[PDB]
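In this view, the complex is presented without one of its protein chains, the others remaining in place.
Going in written order, the chains are labelled A, B, C, D, E, F, G, H, I, J, K, L and M, and every chain counts its residues from 1.
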Amino acid sequence: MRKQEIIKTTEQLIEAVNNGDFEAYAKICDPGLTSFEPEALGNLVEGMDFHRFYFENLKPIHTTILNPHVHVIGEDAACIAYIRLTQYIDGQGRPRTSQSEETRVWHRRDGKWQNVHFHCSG
Amino acid sequence: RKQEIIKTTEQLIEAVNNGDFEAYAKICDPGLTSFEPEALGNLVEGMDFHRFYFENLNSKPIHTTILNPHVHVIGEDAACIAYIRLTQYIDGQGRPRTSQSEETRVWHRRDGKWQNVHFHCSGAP
Amino acid sequence: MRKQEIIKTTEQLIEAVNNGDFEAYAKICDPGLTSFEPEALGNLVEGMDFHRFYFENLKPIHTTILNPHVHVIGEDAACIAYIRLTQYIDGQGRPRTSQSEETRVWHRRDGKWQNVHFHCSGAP
Amino acid sequence: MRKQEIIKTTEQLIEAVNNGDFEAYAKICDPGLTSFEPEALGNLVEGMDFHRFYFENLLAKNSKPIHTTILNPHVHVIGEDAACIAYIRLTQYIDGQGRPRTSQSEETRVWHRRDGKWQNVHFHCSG
Amino acid sequence: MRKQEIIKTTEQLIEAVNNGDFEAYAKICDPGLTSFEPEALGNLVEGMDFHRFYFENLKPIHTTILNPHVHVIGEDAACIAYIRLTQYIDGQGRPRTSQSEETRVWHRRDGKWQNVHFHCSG
Amino acid sequence: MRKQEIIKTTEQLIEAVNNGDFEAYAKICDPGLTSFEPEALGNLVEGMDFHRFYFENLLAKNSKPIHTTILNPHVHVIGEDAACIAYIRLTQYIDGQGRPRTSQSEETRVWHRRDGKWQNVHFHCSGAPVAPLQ
Amino acid sequence: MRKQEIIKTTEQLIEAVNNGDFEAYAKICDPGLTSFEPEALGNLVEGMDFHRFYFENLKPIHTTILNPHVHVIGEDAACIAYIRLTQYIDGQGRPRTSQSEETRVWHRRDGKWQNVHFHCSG
Amino acid sequence: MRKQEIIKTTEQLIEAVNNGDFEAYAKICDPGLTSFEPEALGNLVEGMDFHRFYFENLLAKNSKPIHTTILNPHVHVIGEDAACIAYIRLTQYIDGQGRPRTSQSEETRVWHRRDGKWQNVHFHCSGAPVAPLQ
Amino acid sequence: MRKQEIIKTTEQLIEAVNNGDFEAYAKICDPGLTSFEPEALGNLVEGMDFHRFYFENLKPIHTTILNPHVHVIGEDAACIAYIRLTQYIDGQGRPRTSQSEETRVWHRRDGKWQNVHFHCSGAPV
Amino acid sequence: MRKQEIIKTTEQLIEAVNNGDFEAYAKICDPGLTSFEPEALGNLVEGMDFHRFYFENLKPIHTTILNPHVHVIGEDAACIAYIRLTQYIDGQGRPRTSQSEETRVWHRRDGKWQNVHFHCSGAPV
Amino acid sequence: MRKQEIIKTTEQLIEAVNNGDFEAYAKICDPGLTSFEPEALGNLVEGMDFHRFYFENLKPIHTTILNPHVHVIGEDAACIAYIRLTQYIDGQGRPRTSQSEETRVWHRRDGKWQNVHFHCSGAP
Amino acid sequence: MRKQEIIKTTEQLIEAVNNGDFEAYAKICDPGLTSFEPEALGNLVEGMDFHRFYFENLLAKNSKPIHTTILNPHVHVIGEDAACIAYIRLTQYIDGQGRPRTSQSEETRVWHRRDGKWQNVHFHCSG
Amino acid sequence: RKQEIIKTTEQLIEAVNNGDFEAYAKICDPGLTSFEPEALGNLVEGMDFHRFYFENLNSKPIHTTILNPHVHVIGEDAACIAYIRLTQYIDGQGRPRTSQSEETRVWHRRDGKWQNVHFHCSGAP
Partner (left out) sequence: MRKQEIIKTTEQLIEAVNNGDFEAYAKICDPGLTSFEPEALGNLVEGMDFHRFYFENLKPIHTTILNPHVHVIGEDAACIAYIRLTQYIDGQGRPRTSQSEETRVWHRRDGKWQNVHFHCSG
């Protein structure tokens, strides 16, 4: 039932990214966040320092989160797997859609949920 | 308890490389979800989906290598592992090749033994 | 007689899309509309939220609807299958035509017809 | 409860196709079945006559080893006698060159209950 | 004698098209004109509505009609088959020629000849 | 009522072609049949002589299994003795390499009634050539 | 009346070529035959010696001669222009068609017609 | 002696074309001139109407400098009033981009003497089209 | 404890390069530095003279140093191997990441550490 | 004088590889050898386990070692950088040459020299 | 009259080449023959030694010599320029034609004509 | 001694071409000059009329900066009045895009002495 | 006397990079032969041929580097040098590029000063 708890937090995180609000992002991510993602060229990154770059140095877009499946593991742990559709407008003016498969693992540290691990493909 | 996970992950990969489906099923939760290249960007209820790859054939020589395994522990019963899998093998044309995958496995302890509940693989299968 | 009813509604829906009238679109679509379409990269979308983007953020064209075949199923259900030819003018100035195969499933909710499912293949 | 009814029938239909059991297929399809599908080159076909060809001239798809998977089946129900299903079909198979491959189709099947049993009246396949 | 009648009408129709005179075109075409043509992507079109677009949204050219063969069928029916060579000047300034094979089926409705079907390839 | 008459004759003609029955074909075609078709490279042919070749050189070497389908046949009638049909021909067949393929042609056939039976006087085909042997 | 004379001779010449009957060919060609043709790489050839090669070193085919136009010039001279469609069967087993545009100039030497010049494109 | 007569007339015809003098061209061509040529896409044209287009649409916008050369003209004579010429036409010109280019055509012209002057009744061109404007 | 010493010096060297501070670079490099690197077309260069050019004739970037492994060899010698991820912004405006595998061999000459040899493979950064 | 010591050991190591003598290789390599190399897809490998595969599963060839430059660092440490030309004969029968740039770092453990780190760029040999 | 003399000798030389008769070739070529030709990669060769290779280490063909133009220069000198069409049969079985432009310069040494220089461009 | 005579005349001819001096060219060429060259598309041309075009319509090749080089000129002499020269012509120039380029031609020129001065009667250029 | 040659070779390359043709001519024998890419595989009497490259334009920034110069000496008056020339420069598009040439220069001492009599260059000009 409180699977919807996770989905909301995931949605809030993606919202922060799309806004370039790094302070908002950091709040929701654990400081020791590990990340597999295309931009890391097949490396695992201690992904708080690595992600700053994309905020500090950066159009209309709409993110959609399909078939979010949440595994719950006792009081303080859960993981979410979901397809992220991103509608945007290419420089050449045309509208385009792009798909990513995303896995976010969540730990509740004192009341709030934290994202500790992130795996993105696409 | 981190070394506990790595061992189980290693045991799972061993089962896959052997085609021992019974061994695989033991270590995977029955409701295992999976993102992987062979699923064309879909999430699969990955016990039924994986059978096919076992039923239809270490025969060839291969060496799996697991680099920089990082394990997050979350209370008594939960942990997730992220690691690069290098796979040395021999192509049909006879040459030796290496392929890299980035893998994320999320683990739940159900009564003593660890179960794999979610799997995310990107790169080469 | 009631087959021509569907075709008209389908035509009205396409008209709303070509006009960018989202209010008009929403009226004719069920709020729980599911959609398979090229712009969704082979995924099923809960297609009211997904479609807003194309209205809110967006030339001479003529839509043509060939060989509309309608299956009727009791008082309150019908589905339509039709080829959509779209004549338009490319940026380079030339006139082009593009074909889509479209399936729309309709439910009558209280007097008016609602589009509950949409399947589009070929060109957007 | 009646949504799971449709999924089962859809599954039974796909089973018939993979087996090359045309008699089984015909039972589940309405005789006036319309179809959009890749093999019809963007045309709507009165798809009972059109589909026979693939049964009569091709060894069962299950002759070769294959596993069909049906993801996120969403069913709209419309009163007693009408329903439509939309689903992604993953098909695991083995190419002639010996390698294993997976292929995706997006499928829409519209169903009418004629006297107890469900009938497939329309089919839309893309991929 | 009545074969030359058709050729003239066909010539008049092509003249209307090359002029963008839609009123002139409609007069010569039956209102229920069916058409196979490249611009219809292998579909049959109820080709009065479909053709408007090319008039409403649109230089020196010379049409040539080779080996027109006309079949006559009683008082009120005939069909013509002919190669249409079109000499024109491309945007890049060069002169170009293009070939089409055309079939027009004619019905005499009330004095005048009407084009009821059109098949164009090239 | 008389439109279904044409469709049947068109169907019978295509049947003759798919069987390699040239006698059956000739019966249904006027002897002065003109034809535009892909195999004629954009030329009009006095298409009784030109068509023989595709019959005479379809042997048992080249008897693949095939199924023709005729979509949205639209028939224009013109007085007692004249009519024209326009239709899409889908042809399901099996390539030499063993795979099944489908090909589309757009076809226009103009018909003259000579004494009871219908005759094909003109033929226009665009897209894929779909004679057994092609 | 004398136009049909030429067409027949042209047909007889093409027949000789399709049969590989060089003796039959030579009879109908003037011994000083000039030829433009694809196989001559844009050169004019004294085309009796040049043509032998194709006979001495060489299945079902049907030649068709479209819209033969014949110019007659007094008792002893005429030229024919015609499209040659050739239906044949490629080595890979498929049936193919090929088009050539042909011009043959004829001189009546002593009863029989002789081909003095030949121009082939395609 | 009478062979050089033809070559001169052929040269005069090509001169008329390169000048865009259609009146001069028509004088030298029979009014029933037939033509095979690249610009006709493998069709025979009643080539007086078809050729006008290339004259009428060659303006001062399109007066490049060009030099025609006629190689190995071979002339067959056939009684008093008939002859045919076969020759390679090299055309030196200057492309729009400013560079100089050369193009080759193989040409066959059949001639009829009508009362003193020679008339061109048939024309066969293969290779590059070399009218000023192409 | 003395491994973290090397990582810091390596980090300081990369910092100098990204700043175009050649004086700072020279301080940390031995004057007889040898170098294998993409820009040298498979040659070993006496890499103090060769490197000047890139400073004298030269946007936002972030270097990341993954899994630095340090071998120590007695008091005065150590070598470091590490993956260098470089986030930058191409001229066309897009953000790009590029990977290099780097080996730096260090000699302690009187208190301070000196870089005597450098091996770079992948993308020049 | 002690530079020629290293070159000889490097030569002996390459000899062992070209012979498929894994025992001979292991003797000369430290058991904790780290390696950057083409076959490792830009990863650092704990390169004793990773290298076995190429021995266990494996024509005329001639290795040539150009401009070996050796840095010495006190009693027990040294590094060598050199270009390796490898003349061989492809399966298609033709003779081919391939170039690698190689860096080997050496530690003297009790009398004998050990290879502790290896960096190879260009062609795998 | 003496132009036809050259053409015959040129024809005899080409005949010798097509037969692989090197003795016959050498007789007609000056011993100091220079040659530009495709097989020499844009170099001038002292072309008696260079040509041996093609005889010693080597199908139906017909050579044709178009529009041979001969310049005569006093008693003992002449040059010939001609297009050589070569009809042959490719390995794949099809018949092919290839064109070369050829220049041969001739010196009469004591009664017989000798080829002293050869320039070939296009296809070998 | 008389071989160096030819090379000089050949050099003078090339000089005339690079300058666009047609009068100078005509003096050195026989009026019946035959020519094989790339610009003639594999045809032999009566190359006095054919060559005018390149002078009358093109700024001197020496308008742009170029250096011609003549490698390994080999001359066959044949009695008092006849000789032929074969040589590689390297041409250094500057492309429109600003870069410097070199291009190679293989050239054969046959010479006849008519009354004191040498005349070029035949020319073969490849490249 | 080997270092004598290297200096003269360096002086010659300096003259070329400066466009000082007078300086070049002094150091080259007047009968200098040359194989080089710009000559399309021909040997050139390379004093006249080279003028063109001087007359028609260090303006742009470049750094030449001369690796592993090997000098053969042959009695009092003869020597030949073989060396790799790395040239760092900046392409028109603004990027920095490096190009390699292999160069052979043969030297004759004519009365006190050294003269370059033959030059062979392969790779990039």
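Everything that follows uses one rule, which is that a contact is a pair of C-beta atoms (placed from the backbone, for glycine too) under 8 Å apart; a residue touches a chain by one contact, two chains touch by 3 or more.
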item: Candidates M:35, M:54 or M:89 - the one touching the absent chain; value: M:35
item: Touching residue (missing chain; options J:2, J:8, J:27 or J:62); value: J:62
item: Touching residue (missing chain; options K:7, K:45 or K:72); value: K:45
item: Absent chain, residues of subunit J that touch it; value: 60, 62, 64, 66, 83, 85, 87, 89, 95, 97-99
item: Interface with the undisplayed chain - residues on subunit M; value: 33, 35, 41-43, 68, 70, 72, 74-78, 80, 82-84, 100, 102, 104, 106, 108, 117-118, 120, 122-123
item: Subunit K, residues in touch with the chain not shown (by the definition above); value: 39-41, 43-45, 49-50, 52-54, 56-58
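The working rule: only the chains that are shown with their structure count from here on.
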item: Computed distance of Cα centres, subunit J from subunit F, in Å; value: 74
item: Inter-centroid spacing, subunit M versus subunit I (mean Cα positions, whole Å); value: 33
item: Geometric centre distance via CA averages, subunit I-subunit C, whole Å; value: 59
item: Numbers and ranges of subunit E residues touching at least 2 other chains; value: 41, 43-44, 67, 83, 99
